[PDB]
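With these hints in hand, go ahead and build the complete structure from the sequences.
Number of protein chains: 2
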Amino acid sequence: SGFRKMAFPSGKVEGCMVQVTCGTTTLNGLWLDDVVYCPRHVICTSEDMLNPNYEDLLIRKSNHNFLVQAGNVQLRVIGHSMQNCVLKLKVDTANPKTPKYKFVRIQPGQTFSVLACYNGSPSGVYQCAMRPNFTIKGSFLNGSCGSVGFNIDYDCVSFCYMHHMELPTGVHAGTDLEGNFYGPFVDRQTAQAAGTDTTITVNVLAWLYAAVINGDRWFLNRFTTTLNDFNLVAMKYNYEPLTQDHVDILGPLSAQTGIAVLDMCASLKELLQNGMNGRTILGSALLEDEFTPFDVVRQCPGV
Amino acid sequence: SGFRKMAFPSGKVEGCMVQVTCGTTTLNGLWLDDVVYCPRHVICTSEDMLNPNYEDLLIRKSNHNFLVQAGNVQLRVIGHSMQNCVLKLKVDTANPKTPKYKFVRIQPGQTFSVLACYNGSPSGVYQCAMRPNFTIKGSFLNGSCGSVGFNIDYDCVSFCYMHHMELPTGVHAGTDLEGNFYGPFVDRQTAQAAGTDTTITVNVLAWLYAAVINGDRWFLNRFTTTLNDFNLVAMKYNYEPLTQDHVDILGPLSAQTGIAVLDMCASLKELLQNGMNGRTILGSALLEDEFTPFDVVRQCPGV
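Listed in order, the protein sequences are those of chains A and A'. A prime marks a further copy of an entry chain. Each step along the first sequence adds one to the number in PDB author numbering, with nothing skipped, and position 288 is 288. Each step along the second sequence adds one to the number in PDB author numbering, with nothing skipped, and position 221 is 221.
Hints may be right or wrong, so weigh each one.
Which copy is meant is left open, because identical chains are indistinguishable; a pair holds if it fits in one copy or across any two.
[Unchecked claim] Restricting the straight-line Cα-Cα distance to at most 30 Å, the calculated cross-link-like pairs of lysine-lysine (DSSO-like) are:
#1 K5 with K100
#2 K97 with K5
#3 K88 with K61
#4 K102 with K5
#5 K102 with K88
Keep in mind that the hints were calculated from the coordinates and are not lab data.
The structure is reproduced here in structure tokens:
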């Protein structure tokens with residue numbers, strides 16, 4: 001038993017991390033087959049980042065201007081191109097450690113593991129949710145650009161995130177592996193607004209189900225509610241509106257615990273209106289929203 | 001910036017996990033050099049676990065009764081012995097993926113990464129603290145026995161924990177890699193008391209320092225205190241007593257932030273006496289105690 005925020009084992013991804021240097025900017029790249037992926041602002045000076053013209057800057061870079069280091073061995077760069085906000089460096093050698101992989105663009109509220117890296121070396125691994133405003137609340141210190149977020153399905157690694165930016169508010173922004181930013185953000189050092197950071201309602205619900213399964217039951221109440229009546233409450237508390245698709249994906253959790261999804265919604269409603277009274281749920285003193293229903297089910301073998 | 005609970009990259013440990021079967025009991029083993037380490041209760045039936053005589057049970061096992069599977073290939077068992085509560089299976093083949101490693105017995109309040117495994121396959125990775133009562137609050141579902149806890153120092157893996165038991169209260173107990181239990185626990189299915197689960201004061205302090213460094217400053221107060229006067233408060237709230245060694249290890253955090261350790265103690269005292277008033281610190285609505293000072297410093301490059 002027990003329930004923990006848990007990242008996927010990072011070994012398949014560790015073997016793909018490289019160091020990419022252009023001029024005096026060094027960050028992390030991802031080495032899959034004979035292509036190295038990294039943030040295009042590897043080509044920028046600190047002054048360039050205030051307002052860069054990436055096309056003009058890249059014009060002045062040749063293959064030999066990109067230094068790519070996997071551990072201590074050289075990769076020879078035989079080609080480069082810019083796909084949206086990522087650079088694709090063609091190298092002379094296929095990574096022998098390349099796993100089965102796909103590139104995925106994930107949906108807001110979905111979760112993934114981040115392998116925080118520094119200078120091409122993995123430093124740590126932790127679980128992240130893509131917030132509804134398309135930021136993540138990570139731990140990205142200097143030199144962590146190019147670190148990636150991924151999910152693993154048996155032996156297939158789905159890369160979904162590459163770290164690019166910290167916004168002036170201290171949250172983090174980045175792209176999928178085709179270089180398209182999540183959210184309205186740009187790789188420029190300017191003030192950028194994340195909208196309201198609303199709570200991922202379907203995830204809080206799944207986590208309450210996890211709590212019940214693990215024997216935390218105090219918040220279970222005597223009320224039920226309706227979808228619209230809950231959403232009326234959800235909107236006041238900046239909760240994502242709940243939809244019948246969300247109800248559907250909670251079905252197996254509802255079936256295991258015998259608690260109808262709308263009864264759990266009514267318990268959540270009372271928690272939002274009354275607070276938690278200094279109690280905890282699964283060791284937390286607030287409502288956790290970075291576990292998807294799939295995350296919960298992976299840790300509840302009864303489902 | 002940002003601050004996250006973060007485990008070490010698990011790749012060096014993934015390559016050492018194997019599946020160990022004896023009779024119809026299957027759990028995880030750790031394959032280092034030509035020896036496989038696993039919980040000795042792999043040899044027990046469910047009925048045996050109520051009150052096992054491990055010596056008598058092992059008498060009836062030969063080398064060929066232990067089935068060891070690394071992925072899909074066989075390991076040939078050429079010897080077995082019982083070191084305290086672990087079995088050491090000598091196999092015919094040195095693991096080619098064996099990293100540099102040591103066996104360490106960790107101190108209460110120290111932290112480590114757990115690679116949760118099932119049937120020899122890594123499932124996830126998360127950070128744990130050894131509680132002062134020598135339990136951990138993990139996520140260990142059926143078949144996770146033998147999963148290990150470790151720390152990594154550049155390229156050296158320090159194994160410190162092997163999972164053995166869930167106590168009837170839902171917390172977890174286990175051994176070091178010489179098979180000596182942490183705490184007073186035994187590998188028998190009986191009621192076993194963990195004492196009072198006190199809070200790791202020095203860790204809460206380090207995490208408050210991390211909060212300051214990350215710009216969470218509201219709880220900083222105008223008071224200072226004394227070691228004995230703080231401990232007087234600590235004891236009432238079941239906090240571990242603070243010692244001059246603890247003050248010493250917080251020194252670099254005190255130096256970076258300019259906040260004397262006893263001023264931070266006074267801020268903590270006010271938090272314990274007044275609560276957090278529905279505010280958060282580093283996104284948490286309670287005081288976190290599973291970050292050591294070393295953990296914090298690894299994520300605060302200014303220290």
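Hints, verified against the model:
1. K5 with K100: This pair counts as both: shortest intra-copy Cα distance 25 Å, inter-copy 28 Å.
2. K97 with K5: both (28 Å within a copy, 28 Å between copies)
3. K88 with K61: Classified as within: same-chain Cα gap 13 Å, cross-chain 57 Å, threshold 30 Å.
4. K102 with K5: Both: 24 Å inside a copy, 27 Å across copies.
5. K102 with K88: Within one copy only: 16 Å inside a chain, 40 Å across chains, cut-off 30 Å.
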